[PDB]
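Visitor: For chain A, the structure is supplied; the task is to place chain B with the ligands on it using the hints.
The chain contents come next:
There are 2 protein chains.
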Amino acid sequence: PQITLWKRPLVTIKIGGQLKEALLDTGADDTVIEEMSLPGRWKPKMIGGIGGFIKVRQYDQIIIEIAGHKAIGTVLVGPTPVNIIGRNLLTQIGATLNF
Amino acid sequence: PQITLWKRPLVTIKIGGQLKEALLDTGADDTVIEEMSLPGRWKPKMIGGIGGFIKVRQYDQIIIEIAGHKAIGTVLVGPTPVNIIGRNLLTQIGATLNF
Ligand SMILES: CC(C)CN(C[C@@H](O)[C@H](Cc1cc(F)cc(F)c1)NC(=O)O[C@@H]1C[C@@H]2CO[C@@H]3OCC[C@H]1[C@H]23)S(=O)(=O)c1ccc2nc(NC3CC3)sc2c1
Ligand SMILES: [Cl-]
Ligand SMILES: [Cl-]
Ligand SMILES: [Cl-]
Ligand code: NA
Numbered sequence: 001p002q003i004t005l006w007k008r009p010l011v012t013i014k015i016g017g018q019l020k021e022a023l024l025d026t027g028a029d030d031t032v033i034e035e036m037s038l039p040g041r042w043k044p045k046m047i048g049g050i051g052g053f054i055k056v057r058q059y060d061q062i063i064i065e066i067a068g069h070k071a072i073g074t075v076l077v078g079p080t081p082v083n084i085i086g087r088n089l090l091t092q093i094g095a096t097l098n099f
Numbered sequence: 001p002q003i004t005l006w007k008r009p010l011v012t013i014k015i016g017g018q019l020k021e022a023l024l025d026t027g028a029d030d031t032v033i034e035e036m037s038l039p040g041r042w043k044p045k046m047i048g049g050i051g052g053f054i055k056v057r058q059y060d061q062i063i064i065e066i067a068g069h070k071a072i073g074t075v076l077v078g079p080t081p082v083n084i085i086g087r088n089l090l091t092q093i094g095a096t097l098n099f
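Just so you know, the protein sequences line up as chains A and B, in that order. Per the authors' numbering, the first sequence starts with residue 1, numbered consecutively. Per the authors' numbering, the second sequence starts with residue 1, numbered consecutively.
Same shape as in the complex, but just chain A:
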């Protein structure tokens, strides 16, 4: 598909058996999801943008389905205001910016 940018590029994702809405975010290195349980091990991490830093849990090798497309990668879980699909997963679904 081709997604215009007149409004926020929100898509449905499936993660951890749950459906969520998330933002396709080319300005995000990493994928950051609101609080949820995920299986396996994790380790703490600090990530920082506008307004400062938040503490998250880093889970590796997590399968996600993004707008119908499966990928695997690291997911960060914590108190983000918005669920964000970052470049680590956008690359895996073949997403590009075109102009």
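Any given hint might turn out to be false.
Where chains are identical, the list cannot tell them apart; a pair therefore holds if satisfied intra-copy or between any two copies.
[To be verified] Restricting the straight-line Cα-Cα distance to at most 25 Å, the calculated cross-link-like pairs of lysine to any residue (SDA-like) are:
{"id": "1", "residue 1": "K70", "residue 2": "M36"}
{"id": "2", "residue 1": "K7", "residue 2": "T96"}
{"id": "3", "residue 1": "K43", "residue 2": "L10"}
{"id": "4", "residue 1": "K7", "residue 2": "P44"}
{"id": "5", "residue 1": "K55", "residue 2": "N83"}
{"id": "6", "residue 1": "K7", "residue 2": "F99"}
{"id": "7", "residue 1": "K7", "residue 2": "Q58"}
{"id": "8", "residue 1": "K7", "residue 2": "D29"}
{"id": "9", "residue 1": "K14", "residue 2": "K45"}
{"id": "10", "residue 1": "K7", "residue 2": "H69"}
{"id": "11", "residue 1": "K7", "residue 2": "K55"}
{"id": "12", "residue 1": "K43", "residue 2": "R8"}
{"id": "13", "residue 1": "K7", "residue 2": "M46"}
No lab work stands behind these hints, which were simulated from the structure alone.
Guide: Relative to chain A, chain B with the ligands alone:
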């Protein structure tokens, strides 16, 4: 161009006759640039990021070139940790996400 996402989508912008580096950011509604001088009056705005809010200065109808593409629109100036080109200007340069 067609920009892949294996690295940050950084481009050169020109604003006020000066070149700067900025991030093409589909997760940003608005364009936010580090402290600089812009002409005219400004209005107040708050923008919510992952770590909290910053106050910024809103300047309207600013001439800005993004990767060689001319735009004229709203620029927010404040203590952002990187220069961000958001959807208000990505739409002016005809950018889409594709996969
Ligand atoms: C968090 C998103 C929902 C929103 N952000 C855009 C992001 O793309 C942002 C853009 C960004 C902001 C920043 F401060 C530094 C940076 F490197 C990139 N990424 C970011 O915060 O990522 C974090 C900082 C690292 C970079 O990527 C890594 O993985 C993602 C999690 C973190 C780390 S933002 O920068 O806070 C932003 C930009 C414009 C904007 N415009 C707004 N307008 C108001 C009407 C609503 S709110 C608003 C918020
Ligand atoms: Cl990853
Ligand atoms: Cl590729
Ligand atoms: Cl604008
Ligand atoms: Na894991």
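Visitor: Decide, hint by hint, whether the structure agrees.
Guide: Comparing the hints with the structure gives:
1. Only within a single protomer do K70 and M36 lie at most 25 Å apart by alpha-carbon distance; the minimum there is 19 Å, versus 42 Å between protomers.
2. For a Cα distance limit of 25 Å, the shortest separation of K7 from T96 qualifies both inside one copy, at 17 Å, and across copies, at 11 Å.
3. Neither within a single protomer nor between protomers do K43 and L10 lie at most 25 Å apart by alpha-carbon distance, with minima of 28 Å and 29 Å respectively.
4. In the homo-oligomer, the alpha carbons of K7 and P44 lie at most 25 Å apart only across protomers (23 Å), although the nearest pairing inside one protomer, at 33 Å, exceeds that limit.
5. Within a single copy, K55 and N83 get their C-alpha atoms as close as 15 Å, and across copies as close as 23 Å, so both meet the 25 Å cut-off.
6. With identical chains, the CA atoms of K7 and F99 are at most 25 Å apart both within one copy (17 Å) and between copies (18 Å).
7. Proximity of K7 and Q58 under a CA criterion of 25 Å is satisfied inter-copy only: 20 Å between copies versus 29 Å inside one chain copy.
8. Proximity of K7 to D29 under the C-alpha cut-off of 25 Å is found in both arrangements, the shortest distances being 21 Å within a copy and 8 Å between copies.
9. With identical chains, the CA atoms of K14 and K45 are at most 25 Å apart within one copy only, with a shortest distance of 23 Å there and 34 Å across copies.
10. With identical chains, the CA atoms of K7 and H69 are at most 25 Å apart both within one copy (21 Å) and between copies (21 Å).
11. For a Cα distance limit of 25 Å, the shortest separation of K7 from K55 across copies, 23 Å, qualifies, whereas the shortest one inside one copy, 29 Å, does not.
12. In this assembly of identical chains, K43 and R8 lie within 25 Å of each other by CA distance solely across copies; the values are 24 Å between and 30 Å within a copy.
13. Within a single copy, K7 and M46 get their C-alpha atoms only as close as 29 Å, which misses the 25 Å cut-off; across copies the closest is 19 Å, which meets it.
Of the numbered hints listed earlier, the single one contradicted by the structure is hint 3.
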